[PDB]
Each structure stands twice: as C-alpha cells, then as structure tokens.
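*Asks:* Read off the chains here:
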Amino acid sequence: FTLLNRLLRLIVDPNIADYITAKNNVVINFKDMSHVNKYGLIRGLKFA
Amino acid sequence: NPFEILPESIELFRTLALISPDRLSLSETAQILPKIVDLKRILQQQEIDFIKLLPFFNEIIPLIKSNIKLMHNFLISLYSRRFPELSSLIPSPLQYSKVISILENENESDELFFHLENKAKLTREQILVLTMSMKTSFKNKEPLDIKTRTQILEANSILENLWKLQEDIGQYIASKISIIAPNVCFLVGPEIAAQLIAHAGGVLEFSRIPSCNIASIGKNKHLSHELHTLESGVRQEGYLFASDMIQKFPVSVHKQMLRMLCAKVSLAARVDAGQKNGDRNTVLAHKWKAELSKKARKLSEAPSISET
Amino acid sequence: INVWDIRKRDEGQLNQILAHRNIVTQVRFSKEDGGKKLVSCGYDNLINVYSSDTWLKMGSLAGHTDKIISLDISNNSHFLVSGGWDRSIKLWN
Amino acid sequence: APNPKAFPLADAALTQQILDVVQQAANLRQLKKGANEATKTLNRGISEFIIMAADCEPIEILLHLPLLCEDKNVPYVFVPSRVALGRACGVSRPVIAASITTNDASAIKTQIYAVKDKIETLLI
Amino acid sequence: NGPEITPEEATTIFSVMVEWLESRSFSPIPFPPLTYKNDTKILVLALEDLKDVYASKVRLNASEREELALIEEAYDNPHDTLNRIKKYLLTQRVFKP
Amino acid sequence: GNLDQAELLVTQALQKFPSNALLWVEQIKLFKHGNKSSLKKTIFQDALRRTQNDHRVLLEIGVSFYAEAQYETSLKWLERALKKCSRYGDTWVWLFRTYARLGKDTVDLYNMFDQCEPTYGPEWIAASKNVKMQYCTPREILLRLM
Amino acid sequence: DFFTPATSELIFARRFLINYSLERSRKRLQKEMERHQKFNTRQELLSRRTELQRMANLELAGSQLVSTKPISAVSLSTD
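Protein chains in written order, with the entry's author numbering: chain A, 1063 to 1110; chain B, 42 to 148, 153 to 353; chain C, 373 to 465; chain D, 3 to 126; chain E, 870 to 966; chain F, 751 to 896; chain G, 108 to 186.
Everything labelled a hint here was simulated from the structure, so no lab data went into it. Mixed in with the good hints there might be a few duds.
Calculated pairs, DSS-like style, for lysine-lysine (alpha carbon to alpha carbon, straight line, at most 30 angstroms) [stated by the list, open to error]:
hint, chain 1, residue 1, chain 2, residue 2
1, C, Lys429, G, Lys145
2, F, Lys790, D, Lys111
3, F, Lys826, E, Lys955
4, B, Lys293, E, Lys965
5, C, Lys380, G, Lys138
6, B, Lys266, F, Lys779
7, B, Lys166, A, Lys1085
8, E, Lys955, F, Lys791
9, D, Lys118, F, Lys791
10, E, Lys955, F, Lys854
11, A, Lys1100, B, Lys293
12, A, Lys1100, B, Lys180
13, B, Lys334, B, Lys300
14, E, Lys956, B, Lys266
15, B, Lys293, A, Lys1093
All chains should be modelled from the sequences, with the hints used to inform the complete structure.
*Replies:* Following this line, the structure appears as structure tokens:
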C-alpha cells in the first residue's frame, strides 16, 4: 500500500489515492472470524 | 543561580515564541542555546528544591512545545519549494531535523543505513515513502545559498538541543511522578504518565484536558499515506494504547479499555490535582484499577450459550 | 445594611439601609474620623458612602467593571482601597 | 450534610429553579452533561454556568472544576443530589456536573441570567 | 517482519515509473471538480453497472433491496449523491468491514 | 503582556456583546500567542458561528496561520476575507505579505487593488494617521507598511 | 449542654478582658463626653457636609492586577 499509494500519487490527486489505499485497508470478515488486510489488493473493489 | 537564570529564560521563550516564524531573527535566536545548556545543567545534577521547580516546568514546557513547533515551521519555511513533501511525510520535528541534516550531509547505501541509524525513529515504510519523495520531488540541486545551508544547520542545532532539553524534562518528571501524580502512576505507569504530563504540561492542565482528548496524546501525526485501521479498530493509538493495562488483554477489548482507561486516567489526574503534595492516597486509583480489571474480564468473557 | 443602635435597646434599634442592587460584600467605617461616615461594597458595581446619622446615600462610586468582594478604608479616610472579581486592587483619590 | 468541603450549596427552592433551567436548556440543546463536557465548555468559554453534585463520591473528581470555574470567572452551584441532577438532565444514570452554555438566540436567555444572578449571589 | 519491499528495489522501480510518466509527459488526473462536465453521465454509468446484477432476478432479498434503494436514491438526487461521493473521496479513511 | 486578565475581559465582553466581531478578533489573537493553543480551530469555528464569517475574523484566521507559516491556508483565508469585504485594507496588506513570502505573481492583485481603493482597518487607518502617509498613493502606502 | 465547660485558661484572660474593656469603655465614653459637650451645629454640620462632599467627590485613582483568581481580601495596614 505504501509503494502502490505513491505510484497512485503520481497519477491522481493524492486525496483520491489515499482514498484508494484507505479502501484497500479494511476489516475483512467471514463467518465468526475477522482480520484486516494490510498487505495485498482487495479485488472486490471497483477501482481495483 | 537557578532562580536567577530561569525567569529570564522563560522570558526569552516568550520573546521568540511571540516572534512570528519566517522572520528569522537569527542573532536573537542563537542566544537561546546558551540558556538551553544552562537549563540542562540546572536540571541534571541539581536534584534540589523540586517543589518550587514543578510550577516552573508547568510554565516553561508549553513554551518549549510552541517554540520547537515554531522552529519547525520556520525550518520548512526555509526548505519550501526545494522539497515540499517532507513535512507531510515526516510528522515529527525531530525526525524532520535529523533526516534533513542527513539529506544535507552528502558524505547511497551508507545513506539508506545512515538516516536509519541517525534518525532511528524511521520505520521501514516511512523510509520507503521518503525515498519515493526523493525521486519524484527532491531536486538534488545544490542549495540556493551556502549561507542558507549554515542557517538551516543552525536551526537543526537549536531544534535538536531544544528537543534534548524537552526529553531531559521528561526524564526528570519521569523520576518525580511518584510523588507528583501517584494515582496516574499506579493506574498506568511511570513512563507513560510522565509522557502524558510531559505533553500536557502542568498536572492542573492535564486535569483541564477532557478524557476524550487524552487518547490522542502522543499519537504520531495522522498521515493519509500511512495505514491506520487495526484489528482492534482503535483509531486513537498514542501513549496510553502502549500501556500494559491495555496490551495485556485480547485484541477485541483494546478499544473499550482505551476509552474507559482514558476516562479513569483523567479522573485520577484530577484527584491528584485536588490533593495536597503532603497527603495523598492511592486507594481511589486502586479501586478504579479493580473496576477496569472487572470491565476487561467481563468484556473478555463471552456470553454463555443459549438453549437452542 | 442593618444598622443597629444598641445604646437604645427597646426603641429605634435598627436603621435599615438599601445598599446595592445585588447583595452586600463588605462594610467599613471612617475610623479615625470617629465613625460618622460609612462605606459599603457589594456585588453591585458601585461602592457607596453613608453617614452615621442620616444613613443615606451621599454618592455612588464607579470604577469596578465587575463584582466588588472586598473593601477597606484608609485610616485618615482620604483614600479607599478595594478588590473584587475584576482581579485588581483599586484606589480612590 | 453533603460533605464539609463542597461550597456553595443552594437550598431546596433555588435548587428547584436551577434544575428547572437544567431540564429546559436540556430541551433546547443548550446544556452539556458530564464532568468532561463541563470541562470542555469551561475551556471553550461558552459556558453560562456550572452545576455540580454534592452527594457524589468521591468529591474530588468534582472538586477539580471549581478551580477552573474561578479561573474563567464563571458561576457554579451544587445541587444536593446527582440523581436528581441527571434526572433533570434527562439521563437515568446520575450525572454529577452539568453546564448551561451560551446562546444569543435562546428564548430562555433571561431565565439563565436570572438563575445565574442568584448563583453569583451564592458564590461569595 | 515488515514490508517485503526494500528501499533499493522501491527506488529502482519507482524511478522507472516516474521516468516513464515524464517521458510520456502525462498530466496527472485531477480530483473531480465541484462541477464536472461529464459528471452526471459518469454517475449514470456507475449506477447502471451496479444495476446490471439486479435487472435479472424477480425476487430481491434484503441487502439487494438496500443496494437498489441506494441506487434509486442516486437517480432521484444526483446532486445530493455526487456531493455525498466527493465528500467520501476527500475525507473518510476509515470504512466498514 | 499578561493574557489572563485579557482572557477574562474577553469572556465578559462576549457575555455582554457576543455578536461583535472585534472581540473575537482580540480573542483569536490571545489564542494566537499560544499559551495554551489547545482549543484553537474550534475557537475559529466559534468565531465564525457568532460573527457569521466576518471579514475581520477571517483576516485574523489568516494572520494566525500566517504565524503558523502556512501561506496556502492563510492565503485562502485572506482571499475569503477579500470576497467578504474588499474595501478593508488590512486584508490587502497581509495578502501582499503572504504573496511576498510565497512568491506568487501580485500583478492581478494590484489591479484588483486599484479597482478596490480600500480605506478601512486599524493598520490602514494608522497609516493615514502617521501624517507622513497622509496624502500619498495607496501603493506607496502599502510599500511603507511592508 | 448549657454552660457546661470550665475553660480554665479563659478566666485568667477573661478578667484581663473585663479590665481591658472596662477601662477602654470608660475612656472611650469619656472622649464621647467631651465631644458631645463641646460640639455645636455650625462646625459640626459644616464639617460633616464637607467630608460627605469629599467622599461623594472621590473617583477611581488607580488599579493593579494581582492574582489569576479574584482578590478576596483587601486590608490596609496600620497607618
């Protein structure tokens, strides 16, 4: 997300980029178990 | 001579703290570092007449905060347009000043290792984004003036020495918090209590701070490029979040223990502010610590299974 | 201000005075003059003066932006020194 | 008596009026409950006046405020019962300190100045 | 153990991308303006892409009805929706699971 | 120099006169000194709520951020002050100071200035009262103010 | 209880108070004796109106800030 985020700061207004990485960092939930995705892209996102 | 040196020193912090940044006043500025060393020697080995000295720190240390912040704003005012992303990427004035001295050291791999060793507070990712800014922004052209280089070197010196003074006060208060705020000491810890009282200045002032704002004390500046969300979901982080009182319990309860903990810390510091220095009782923070233990164990224990 | 003459026990004990809008904080006498002049302060912003016989308002003394919690008279009665929630001592000459 | 320390402390009638203003400003959203939000109103300086609780224990946690009230030159009183105070603030859980804040458009402003005036009468 | 990427590798690859964008002279994409020309049509494209799934099933469940409700409210109030969108892009860094 | 009685007088003067802007000006100066600097942006927000975005208050915001060295923010607030009231001159002064530090082109600002012809403000009125600047062009007035 | 305590240390002092207030009562009332003996309406009323006119003509002289909280006690020393 750090490298990806800077590479996005190249393309777009850093507000949009920080929104992108901020959306790629969330709490992923399945049945009765929860974690956060710090590392790796979340594909289900639209801008993914 | 402490009572002779100190009031004039505080007066100086008022003078330059009143002086707006981007207006250098370098000759008047360099007169602080002799008083910085003076307060360092007055603080370090004296260990005498603390009770008179405590209100004096409660006075000077906010001026120290506004002063180092002023040196930061003036220093970025100097580096403006050469490498502008450096404040956004580097939150702290200490990391800022040191890392800058490193970018101006000029004396590759020894640089990547060198700012990691000299700065020492820089996390891997922070080094990464900093290196990104080095490529996309940092001009790697010689500075506009060698006199400007000497000026920014001086600002690095006064900011570094001033921060060393603040940390020295943090260690001295860190020594005396046992008699200063016993309730907060017993409730959290000597180091973290010393960091809270250190950032908030006077214990009276830290009692004047609501319990909602205490959690964010000490938090590294929120940066949009840095990741935030944690499995505990706590957005405050900060000093108290690093305490054992929180970190001993599981990942789900850190948030509630943070809110309740900050509340009980505010109340405890208020009791310590209300009590005289001579007669103090830790019983209140004791039963409050028991209450927080009960809260953490109840929130940790899940509900019993229902009949299907 | 209830001014009680205790020299006369069964007649004319009290001479009541209307002092200040809000309550009365401190009352003093002219001292070396042998009394005969009283000065009163209260939470009204005025400090007012009285005589030991008429017991009437001779004049209202301004100068306090806020409540007047304390007052004291010079022994020679020339100058007045007071304090209040204005957090500043004040004089009268 | 509800502690030797806490001062000033109003009577039943003035307590009734003050609590009436508590409920009224609570309906006008001009009130801030709790010690922390009371402290915030004092630091901001928008607080008309501070109400606190006598029967609360320990008393010190409400005794940090009077110093701040005397610093900002804002009046304060002690209602006897925190249960009645919070009950007037519209919370079942008893509240210790409440704060009536400032609004220039408030319709109860005159009521707040009258009650506040009687409070300043009590302060001494 | 921290990020796998070393500052040397990141230096090289980031220098490659920057050198590419400079060689191509690529103007960066600005944040969507308060008034954008094709804005409403872009919102239309997004909403239709979201309704692509729901045009089929005759029986909607609760969550699907919430999503379709949001989308219909987006057609009904584009100005309120677009302003709701720009607000999130500028502000929220913390999101729901 | 002692700001305690200043804070008291500000609080009382707001109790009597919450609507007046100059009181919030002087308070914004008090919190601009930064003896506390804990409640600051919320004091700007309160000043904008009470004074309803007055040009004086906005100017004081831009001067506080000017003392925070941020000429983007301070420049924004000064521009907002221009949009509220042009004829107020201290806005123009703190402008040309901010553009002087940041380095933007001031020509259009001189054009809007000659179109503006501002006379208002304590610093500007002081310039008219210095008796050396009594009769002179507003341009050289600004030059002597900077 | 009514009149319960003995107060031994008091009696030794209280008799000093009956002697003290006794003699200063006689002396003070004697000064009053000379005064009411020798006054008259003319310089009595003229001096009275003069002093009252002075107090009515007083005005704020100066002020000195002191403490962070209000000044509760103000007392002038002897002389």
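*Asks:* All the hints need checking, so say for each whether the structure fits it.
*Replies:* Each hint tested on the structure:
{"no.": "1", "hint": "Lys429(C) to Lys145(G)", "verdict": "holds, 28 angstroms"}
{"no.": "2", "hint": "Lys790(F) to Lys111(D)", "verdict": "holds, 27 angstroms"}
{"no.": "3", "hint": "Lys826(F) to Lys955(E)", "verdict": "holds, 20 angstroms"}
{"no.": "4", "hint": "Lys293(B) to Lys965(E)", "verdict": "holds, 26 angstroms"}
{"no.": "5", "hint": "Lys380(C) to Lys138(G)", "verdict": "holds, 19 angstroms"}
{"no.": "6", "hint": "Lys266(B) to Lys779(F)", "verdict": "holds, 26 angstroms"}
{"no.": "7", "hint": "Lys166(B) to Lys1085(A)", "verdict": "holds, 27 angstroms"}
{"no.": "8", "hint": "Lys955(E) to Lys791(F)", "verdict": "holds, 23 angstroms"}
{"no.": "9", "hint": "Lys118(D) to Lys791(F)", "verdict": "holds, 29 angstroms"}
{"no.": "10", "hint": "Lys955(E) to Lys854(F)", "verdict": "holds, 29 angstroms"}
{"no.": "11", "hint": "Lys1100(A) to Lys293(B)", "verdict": "holds, 23 angstroms"}
{"no.": "12", "hint": "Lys1100(A) to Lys180(B)", "verdict": "holds, 25 angstroms"}
{"no.": "13", "hint": "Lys334(B) to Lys300(B)", "verdict": "holds, 17 angstroms"}
{"no.": "14", "hint": "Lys956(E) to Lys266(B)", "verdict": "holds, 22 angstroms"}
{"no.": "15", "hint": "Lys293(B) to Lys1093(A)", "verdict": "holds, 26 angstroms"}
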